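In the block that follows, a single chain appears as structure tokens, in the form deposited without nexturastat A.
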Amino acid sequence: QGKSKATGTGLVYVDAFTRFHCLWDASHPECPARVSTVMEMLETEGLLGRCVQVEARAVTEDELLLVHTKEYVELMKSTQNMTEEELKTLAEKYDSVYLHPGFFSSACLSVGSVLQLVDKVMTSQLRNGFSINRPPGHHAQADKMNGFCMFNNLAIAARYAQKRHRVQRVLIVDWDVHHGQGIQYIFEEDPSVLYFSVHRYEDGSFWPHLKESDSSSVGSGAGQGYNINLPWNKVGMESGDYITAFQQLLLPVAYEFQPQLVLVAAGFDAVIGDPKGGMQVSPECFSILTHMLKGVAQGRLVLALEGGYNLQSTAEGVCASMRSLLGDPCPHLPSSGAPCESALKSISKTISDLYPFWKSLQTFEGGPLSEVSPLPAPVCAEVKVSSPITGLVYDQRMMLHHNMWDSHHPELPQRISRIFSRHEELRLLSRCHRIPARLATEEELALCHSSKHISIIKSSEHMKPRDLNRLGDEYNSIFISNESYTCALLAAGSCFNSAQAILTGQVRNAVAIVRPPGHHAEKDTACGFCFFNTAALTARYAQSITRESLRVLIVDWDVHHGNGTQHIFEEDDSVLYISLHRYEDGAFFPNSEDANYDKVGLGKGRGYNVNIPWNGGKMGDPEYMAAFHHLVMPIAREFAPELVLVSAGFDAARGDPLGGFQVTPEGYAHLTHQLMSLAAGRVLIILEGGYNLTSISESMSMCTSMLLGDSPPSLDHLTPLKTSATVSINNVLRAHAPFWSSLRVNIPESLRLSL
């Protein structure tokens, strides 16, 4: 691997795409200036030179006939030789169409451009690609033109992928503001292709004015379940509406479908300023939506230009998508990370209409969730996008903390040396920027810990063994050594240096290979192998070097609940703590009911503490992924953090001696990939628990691989879920829906109980 890795982004553009235009209406919205403005901006932004130039080719007859009829193809071919009057006379026969003697030539190159990128991506020459092509395609049907489309580019490309590259399952995502009814028809009774379209509808009042554009059209025959319409029934939708639809509906379904290729009908008429869409999505949104789709199909992703009729807005939308293909860090979302009621209705309605067919959607119990006014959903100041640098911090001195009386205690020094070695083997170390380690100050520790607790541990640099054994027994599950203080100082100060590097723009994200852990340590006591809460301290340090009100998200996927972390921020609305953890109705460590789902924080901090408790089974990727789709990411998005810290305990990992759970290194990669679209990519991953040296070295290397931008890995089946996990997920939905609107899926109990 390495030199042979598929990393490039393919771009197809040919001057032929400008050679045809409307002859009888010089004001027609589908015009040459569309693609040439996209190309002009791609160069102005410096994105064009970063793409691999891929040549266009003419689609062949047998390729067209994967979708179209020979009678229709030959009619379209014959247009080359028609007069303007003949062309107009033929165009009249179709809904919203014009013709031009060069239309057929460019249409053939428009289809073939997608096939070229599919070739390059499935033969693993390139990571992904984007054709800047016109005419568009998603409205075209087997035997007729429609909606400025002659041939259905992506439908042909889907079947081409299956026939020539032996792809089994293709996902087509259609975020163009119109319904791509041509694609829906073509794959109506075909479960080898899953078609998702999100589009303006308003109860059929918006073109194409079809009953079948509604969420009730789920496909038929063998294809029933594999066609999904998300119709917006009010105009003015924003990024939070699209992003919530992707979180609550599309991504669960897509991860369950396990496609091998994603084709995107990338129309940008949903963007601010488009004269036909009437929506208000900011271009930045399509950096997010693109990043999301890189999760399924191991990043095998091909975008093709569909609609988009404001020239700047379309070009800005393409640039926002291209930056994500090129692996640039996501922007801060300009709008709020919260959906509106009409979006939640359309989303819930579509979930309900598809609920029988998708076991991921069946995660929802149903019944009414809250409709109280939610917490504020703020927006973050713009951070200028730059090439992503991943920081890495590690120092061998953090091995010196140890247990003299029990050589077999799981918090082994070698945890961080094995993790670092695996980074050096997989060459991740040389790809990262090496952040220097440093000691936290007493002043910095005072940001969360009492001067008593600080002074106690400070004396341990000198306390003798038998005192260290007594002291350890004053705490729940703690051992101590004469270096434990210095190690805990580095585990904090190294995360400070990382947070400083992130927030000053020296790096964009970072990984901190540190011990001892912190997320159990309290204001005033050590606990659960932790002395100082380096996660909480780092959040405060971030607030100290930026501004006191800087929003920070702490995600804790350690199998243990970080009680100390919960408490330090239980009244705080400037820091959001989300924890996934084993609980067993209170039996599992730390044996406190603080870790239950109904502990939503206290005071101004109500809603700013999310507990996802696991009971009754081996939990793994399927449950942790569903928790992220339905809880972690919706809430995090709505909170709109400016920095993400991860209490990264790999003790939920397969083969961990303490957790008993079966999260895989591939799962951890996808959890990391999810979080990378938050906080404009400002993620810092801090090691907590996890004690199987093999599983943690593999898991954290995968996390860093994601931070560095590599394609997400393959996964086991993510359905069915354990039923206790389903129950606990819905408990968090009910607990936190009054605070967070992105959670408010309202599907009736009737559908759950009708299966």
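Numbering follows the first chain given and starts at 1. Shifts are known only where both forms have a C-alpha. If you superpose the two forms and keep the largest set of C-alpha atoms that fall within 1.5 Å, you have the rigid core. First, how it differs from the form solved in complex with nexturastat A.
For residues common to both forms, superposing the rigid core between these two forms reveals a single consecutive run of 3 or more with all Cα shifts of 2 angstroms or more, at 749-755.
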Given for the second form:
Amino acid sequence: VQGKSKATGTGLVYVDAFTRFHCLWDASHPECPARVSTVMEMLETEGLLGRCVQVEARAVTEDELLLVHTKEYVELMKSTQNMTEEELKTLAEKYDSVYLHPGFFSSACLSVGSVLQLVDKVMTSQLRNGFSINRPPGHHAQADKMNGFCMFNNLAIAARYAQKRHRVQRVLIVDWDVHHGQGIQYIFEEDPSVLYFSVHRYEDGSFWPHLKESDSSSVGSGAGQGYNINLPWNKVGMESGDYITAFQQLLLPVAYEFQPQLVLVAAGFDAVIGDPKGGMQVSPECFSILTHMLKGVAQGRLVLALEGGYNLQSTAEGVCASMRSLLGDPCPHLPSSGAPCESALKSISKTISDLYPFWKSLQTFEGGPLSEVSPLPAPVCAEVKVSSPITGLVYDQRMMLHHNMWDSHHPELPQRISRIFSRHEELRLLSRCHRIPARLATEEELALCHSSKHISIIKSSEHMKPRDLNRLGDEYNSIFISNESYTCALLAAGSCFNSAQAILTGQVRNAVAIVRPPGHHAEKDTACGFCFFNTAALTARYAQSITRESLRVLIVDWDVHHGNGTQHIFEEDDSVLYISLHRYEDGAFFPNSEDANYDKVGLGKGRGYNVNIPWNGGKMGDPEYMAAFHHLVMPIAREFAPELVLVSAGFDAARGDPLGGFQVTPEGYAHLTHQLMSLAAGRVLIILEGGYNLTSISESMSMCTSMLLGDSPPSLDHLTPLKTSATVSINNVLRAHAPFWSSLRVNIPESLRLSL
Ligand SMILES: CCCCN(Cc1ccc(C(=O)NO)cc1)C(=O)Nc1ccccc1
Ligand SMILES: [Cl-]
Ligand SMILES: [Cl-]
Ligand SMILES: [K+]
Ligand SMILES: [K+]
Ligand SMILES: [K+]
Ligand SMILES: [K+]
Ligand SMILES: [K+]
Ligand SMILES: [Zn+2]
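Could you drop in the structure for the form solved in complex with nexturastat A? We only have the form deposited without nexturastat A so far.
Up next: the whole complex, starting with the chain shown before.
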């Protein structure tokens, strides 16, 4: 309703104070000033620094420190300011892996303050997110002691400060640093207002600080029981897939259930390739994906503070990759496979199992065994130049000329598109988009999927008299035709081709297609369910045509009906992946086929490249559509590695639909579009299929375009609990597809057999 006031813009805190302290006894200490100065050099070299709002650093106050620390500790730390090298060494010796400096106090104060300054701007809707390039780090510091190069616990102090001075209820702290932030774990052990997550290297205590508490078994005590999550890696050399799958199957479900009003990140880059202490092999590009994922929960309220990362290049690279996500730039192509390794899956599963009682979101999994067979190939896509994102928009009023001369009360109304378009202009989304001109799809182009018999039969209709047009329409299941119905289905496909062209030639990064008549029901030789040509399927082959025959295309169908037309066109094709969320009702719901079931996994060389998530018994909404994305849609999509993502966007699955009978809010469609934007380097094309409530479609589709333009994900309702008829529908797809995609394999025991 107001856009000049909208909070956009990333704050960045950096002060020379951060370089003023170092180790006096060891000239080669990993925690040094070059860590932060290098990050700054690169941020400028990349052009990222100038794109950040400059936020001033402030010193932390004694009372702010005392929200987590003791007065005895604070005063001792304060006293270090006026101590001899010797006095400092003697005190430093008293703690695990710590050095001290005359100037260490000053910098540690500014290192805390800097985070609070960002919390201020984010919480008061001034900036959307922020990142401090601060040292000394925080996550290891405890109430009464220094530890692992930390003096004060920056993010712990910030979590409390948020709750106190900004009256924030729930705070999520994500620690992707390669070390376990025990200092944080401790502070919020018994606090259930602060949920703390920590993926770290462990190898059964062999890796520093060698704590028993760093295991997944340690889930927090008292009131805070289940609000402490440890993901310990017990094998080195973890990659992108190992962190993405962890976030998908474990952290995102937990985070969406917990509903925080703020997300704090202990952004350590010691897991990046080339870090001497981490021993991990995560490419920096991965952090672009993780940062994006966290934008969903806490509705954009995201603050990152620098923790570890001891290789000057690797850290600067990691910071840049995270900074790009905050600044709203498109995600990169993943430089490694989207598949996890067995040791990762074992660590993820043992953590899901260790937290199963406390989280209704994790309770989704029934338990038992999912396949461990050699999975399908998990390829990598060629790097695409990260550029200023542009959202394309295509609409032509000529697509309204297709109508029913008999039943004027037919749900596929011409108004559907003009209404969606109106809302796009009212909300000003249209003026923020790049207008792509609609065109007519050629017969050669229609040939890509459809028979010459089916093409000529619909082509001919541009001349038929109305009685011939009533007769012709009864020759099909649910089809109505008119003298313009052919030109309309030609524009619907033509437009979508011009979008995919813009996207692939880098003219735009993503686009939206307000088109009618729909297409996901149309087959090689027959029209069906208001569809003439499979507009999504033809786009996929037009894309494969302008690139290379092998171009991997993902087709996500969120329309309430299963896209029978799509499913069959690519049933044998391994280059195109088709995922469909639909009301099945054991075969009762349209197009009444058993093809829409979880046991149909594609056939031939396309075995595993076809996913169906069938809905039985209930009004499925956001809780069920989201959990399907976390556990199934996103893990499969990621392992497949698409180069183009196509949405068969039907809002007939929305709350208020006459034909759907499902309760998916417009805010829910926003979060589904958001999730999909981390794939294909953000190369997402949104195509209108179903949706029959003029109001519900205009609102829900505008929400998608808002997400494409990089606006913060909206506030959601409650996502736990979900229909027991859905929990069972999900676990069916998991079992059906686990032999093909390693990202699914959450082999957990019989924790289900407990509580009711
Ligand atoms: C035996 C057919 C039952 C399903 N259908 C047709 C249908 C076809 C496609 C879609 C769709 O969502 N297309 O994208 C929805 C319903 C209908 O119920 N359609 C309908 C037609 C006129 C008036 C009221 C309803
Ligand atoms: Cl050991
Ligand atoms: Cl279950
Ligand atoms: K960690
Ligand atoms: K806690
Ligand atoms: K660290
Ligand atoms: K569907
Ligand atoms: K397939
Ligand atoms: Zn539909």
